[PDB]
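**Q** These are the residues of each chain, in order.
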Amino acid sequence: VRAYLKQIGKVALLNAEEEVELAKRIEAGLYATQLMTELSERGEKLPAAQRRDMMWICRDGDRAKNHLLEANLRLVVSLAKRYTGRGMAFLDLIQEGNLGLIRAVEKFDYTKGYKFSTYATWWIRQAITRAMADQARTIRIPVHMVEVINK
Amino acid sequence: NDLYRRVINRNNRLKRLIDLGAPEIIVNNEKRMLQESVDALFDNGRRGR
Amino acid sequence: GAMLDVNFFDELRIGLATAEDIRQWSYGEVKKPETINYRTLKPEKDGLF
Amino acid sequence: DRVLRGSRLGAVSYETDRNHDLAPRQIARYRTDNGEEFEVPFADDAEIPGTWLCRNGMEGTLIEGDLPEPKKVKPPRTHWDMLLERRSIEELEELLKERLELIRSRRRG
Amino acid sequence: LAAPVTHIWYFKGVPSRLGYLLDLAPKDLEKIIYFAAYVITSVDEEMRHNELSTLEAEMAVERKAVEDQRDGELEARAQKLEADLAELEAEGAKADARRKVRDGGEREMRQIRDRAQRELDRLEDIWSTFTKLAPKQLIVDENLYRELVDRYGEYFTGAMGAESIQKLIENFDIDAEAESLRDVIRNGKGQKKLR
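Residue numbers (the authors' numbering), protein chains in the order written: chain Y, 228 to 378; chain B, 341 to 389; chain L, -1 to 47; chain W, 3 to 111; chain D, 97 to 291.
Okay, chain Y solo, but in the shape it has when bound:
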């Protein structure tokens, strides 16, 4: 845990405009690799310089996505810290928060004009709660009976 804190100490923090720019780079890289595959199979002629610079576009978008996740790792730790003592230890909650971060960063739009953390908090909390429901007990209980147990 302390090693993970030192590992997430390396990251930085961004703002909403930079998040929108990162999403633009991500979608441009995804279009770039879709076009790369599209001209790979049954293609006519892949341009060398255009293929090189759109490969660099794809790599730039991938590294942008990586640094975005690294930036939001501290946020998801601070979000996941409010679930101690409920079945699992902290690490399972951390990794479920990482899964929720992946799902939210897939399901995010750059024309929202919304803060990424405020967007993703519902997804993170949803993933953590449903995984707590799945891995709460020795015998698995369906979520509706879990709900009425909570009630």
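Hints are computed from structural coordinates only; laboratory data are not their basis.
This list has only true hints and no planted wrong ones.
No farther apart than 20 Å at their CA atoms in a straight line, the calculated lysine to any residue pairs in the SDA-like style are these:
1. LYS40/L x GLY8/W
2. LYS43/L x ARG345/B
3. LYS378/Y x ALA363/Y
4. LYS292/Y x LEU360/B
5. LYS40/L x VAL14/W
6. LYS40/L x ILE366/Y
7. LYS40/L x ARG345/B
8. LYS228/D x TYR241/D
9. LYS30/L x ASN352/B
10. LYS237/Y x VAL236/D
11. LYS127/D x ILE235/D
12. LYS232/D x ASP124/D
Have a look at the derived ranges for each label pair, beta carbon to beta carbon:
13. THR338/Y x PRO77/W: 23 to 29 Å
14. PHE268/D x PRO26/W: 50 to 56 Å
15. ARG247/D x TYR25/L: 48 to 54 Å
16. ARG242/D x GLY340/Y: 33 to 39 Å
17. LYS233/Y x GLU178/D: 42 to 48 Å
18. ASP35/W x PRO111/D: 41 to 47 Å
Positions of the beta carbon are idealized from the N, C-alpha and C atoms, including for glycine.
Fit chains B, L, W and D to the known structure of chain Y by using the hints.
**A** Using the frame of chain Y, we list chains B, L, W and D on its own:
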């Protein structure tokens, strides 16, 4: 059964992350907790806690 | 010949495991962290039981 | 002081282990991807599916080439498709060409 | 299991049997098997041998461009320092505050050349460690490992963790080390013979 269940959860989550494609911080943290879980299964209390 | 376990022993030799020997021992691969159903009290599929 | 009772979930019969007049058995053979036979003794009156789970780790198919059907498998949620469900072709291609122009002006100078 | 994992009996129970086999410290094996330090599996020698000359020429050219950047920054800061000299000396006032901008420009030139010396030391360090490339070498500071990847990422293979230990043991013939240990215990003496 609790230890076996824990190792099952960590292994399935790592398999899901490795088919998904994830950054190395996430992947190697998952590998580290899997390794710690296996050690806790074989001899609980030797290293760490 | 420790398969049918005849009543005639000469030596007991301990060695070292291999992955091939383990998967040759096993009768399947457990992949779910499920033990019993909460209501019908019957064992689950591809779980610990 | 404290003496309890209990039983595992299961009942126990008492028969005789005769080994002659058993049910008639068909022996079926399956095969995984990595050349792994798994001999499956079924009943003689038994339907044989083309695929069967084995200890090897996967659903090993039949050793026959009679049922080779690979059809119903697809990834239903790709990031490209769920990008397409929210973003249009001209907007995405405009973003792509803007980033291509930016990286041309950056790498080229 | 999706990724390999080592035993606990062959690592933690002192004496560490794996550490005795591969000749490492046990605490320095802990960093490998608990994912906190990089360890190089294998490194080429012939390709590295000719790329010693060719990439030392490349390294010297890169250091020359780095030094050109350094003297350009030093000349720009010195021109700003001479501008501070001209725009302090032109007004006749108390020169104590007029020496403060000059000392700030001198300190700026000092930190420019000091940071340039530090990145020059970084270049020297990555080339020196590439010349020092041997198997069973721990590499801490994975950012510096990434520097090794982007510059000299070829001519060697590295990994990290239980699968790295697996690769190491797979590329480990015991007979040569057995004969070496036989020769050591037959000829020498002392702590190395006891080990």
